[PDB]
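J.: Letter by letter, the chains look like this.
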Amino acid sequence: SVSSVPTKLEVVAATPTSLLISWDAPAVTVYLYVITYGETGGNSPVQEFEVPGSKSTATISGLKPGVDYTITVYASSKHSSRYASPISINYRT
Amino acid sequence: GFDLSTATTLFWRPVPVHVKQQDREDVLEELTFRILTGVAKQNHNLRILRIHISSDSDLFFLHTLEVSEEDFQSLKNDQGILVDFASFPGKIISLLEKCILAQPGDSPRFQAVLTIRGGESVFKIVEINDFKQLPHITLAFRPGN
Numbered sequence: 009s010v011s012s013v014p015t016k017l018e019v020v021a022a023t024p025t026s027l028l029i030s031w032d033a034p035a036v037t038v039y040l041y042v043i044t045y046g047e048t049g050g051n052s053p054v055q056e057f058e059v060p061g062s063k064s065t066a067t068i069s070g071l072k073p074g075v076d077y078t079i080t081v082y083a084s085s086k087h088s089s090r091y092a093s094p095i096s097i098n099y100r101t
Numbered sequence: 101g102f103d104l105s106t107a108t109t110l111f112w113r114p115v116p117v118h119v120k121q122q123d124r125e126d127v128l129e130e131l132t133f134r135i136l137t138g139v140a141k142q143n144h145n146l147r148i149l150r151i152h153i154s155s156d157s158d159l160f161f162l163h164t165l166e167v168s169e170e171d172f173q174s175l176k177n178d179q180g181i182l183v184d185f186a187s188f189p190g191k192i193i194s195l196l197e198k199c200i201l202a203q204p205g206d207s208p209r210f211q212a213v214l215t216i217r218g219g220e221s222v223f224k225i226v227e228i229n230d231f232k233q234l235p236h237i238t239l240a241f242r243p244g245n
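Which chain is which? The protein sequence lines are A and B, in order. Residue numbers for the first sequence follow my numbering, beginning at 9 and rising by one. Residue numbers for the second sequence follow my numbering, beginning at 101 and rising by one.
Hints were generated in silico from the structure; no laboratory data involved. Keep in mind that a hint or two might mislead.
[Stated by the list, open to error] Computed spacing ranges between beta-carbons, pair by pair:
no. : chain 1 : residue 1 : chain 2 : residue 2 : range
1   : A       : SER11     : B       : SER187    : 21 to 31 angstroms
2   : B       : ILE228    : A       : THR67     : 32 to 42 angstroms
3   : A       : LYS72     : B       : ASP123    : 46 to 56 angstroms
4   : A       : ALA22     : B       : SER174    : 48 to 58 angstroms
5   : A       : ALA35     : B       : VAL183    : 37 to 47 angstroms
6   : A       : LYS63     : B       : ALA202    : 20 to 30 angstroms
7   : B       : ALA186    : A       : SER11     : 21 to 31 angstroms
8   : A       : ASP32     : B       : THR106    : 29 to 39 angstroms
9   : A       : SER9      : B       : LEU162    : 36 to 46 angstroms
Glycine is no exception: its CB is placed at the ideal position from the N, C-alpha and C atoms.
Just chain A, with the same shape it has in the complex:
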């Protein structure tokens, strides 16, 4: 078959407080994307938002500058449940 996970995840543009992430969509018709962001090795609980399945980019705002964040995109499809098929990257804002 073909993979149900997003392929290439990178920070395309950035502000000291906000990030714009891009991914290459999986070949499967995606129902929704769930994005989780949190500080790498921080004490704070992870933040999560949802974006439509037609979208291949997302914006994370309210971030603290010069901090390492871990960003994960979860893609839901016919054969992928909500938090299956994850792609993660690390970025320093």
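Position chain B relative to chain A; hints supplied.
T.: Leaving out everything else, chain B in the frame of chain A:
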């Protein structure tokens, strides 16, 4: 009353729909569908399905459907459905996917239709063959949220 805090989104994306209104021309437009499962504030034991139809272009175009487990039984008998309320959302999603994946030269062809006539609008997904428009799902939507 739906508890949006305890609600889970299963499906949030545009779907191609043929929209028919009494005094306007038929339009093939991509409408954003959001499907949510959750419980009511009045009772965590009552499970509810929510479907919201919206347009990114028009802020006055809103249609909503809420189906309770009791309501599903009437829907199950009238439409010959063979699955439980738990599997009901996934089947609706698969039918919506077939409308999205439909190609121009398809026979039979899957098509989604929203018919707006006054206070109600009826949403249907049909398979069009040589004989008839055979109904896969027919749902009654109310204007608003």
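J.: Is it true that the C-beta distance of A:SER9 to B:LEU162 lies inside 36 to 46 angstroms, as the hint says?
T.: Given range 36 to 46 angstroms: holds, Cβ gap about 37 angstroms.
J.: CB of B:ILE228 to CB of A:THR67, is that within 32 to 42 angstroms?
T.: For B:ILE228 and A:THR67 the Cβ distance comes to about 40 angstroms; the hint holds.
J.: For the hint 20 to 30 angstroms, verify it against the beta carbon of A:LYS63 and that of B:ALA202.
T.: 21 angstroms, holds
J.: Taking the CB of A:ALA35 and the CB of B:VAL183, does the distance hold inside 37 to 47 angstroms?
T.: Because 27 angstroms falls outside the window, the suggested range is violated.
J.: Lying within 21 to 31 angstroms: is that true of the beta-carbon distance B:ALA186 to A:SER11?
T.: Once the Cβ atoms are compared, 28 angstroms apart, the range 21 to 31 angstroms for A:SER11 and B:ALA186 holds.
J.: Per the hint of 29 to 39 angstroms, is the separation of the Cβ atoms of A:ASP32 and B:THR106 within bounds?
T.: 33 angstroms, holds
J.: Using the beta carbons of A:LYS72 and B:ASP123, state whether their distance is inside 46 to 56 angstroms or not.
T.: 54 angstroms, holds
J.: Does the Cβ-Cβ separation between A:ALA22 and B:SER174 fall within 48 to 58 angstroms?
T.: 53 angstroms, holds
J.: Return holds or violated for the Cβ distance of A:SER11 and B:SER187 against the range 21 to 31 angstroms.
T.: This hint holds: roughly 26 angstroms between Cβ atoms.
Going through the hint list in order, the structure does not satisfy hint 5, though it satisfies all others.
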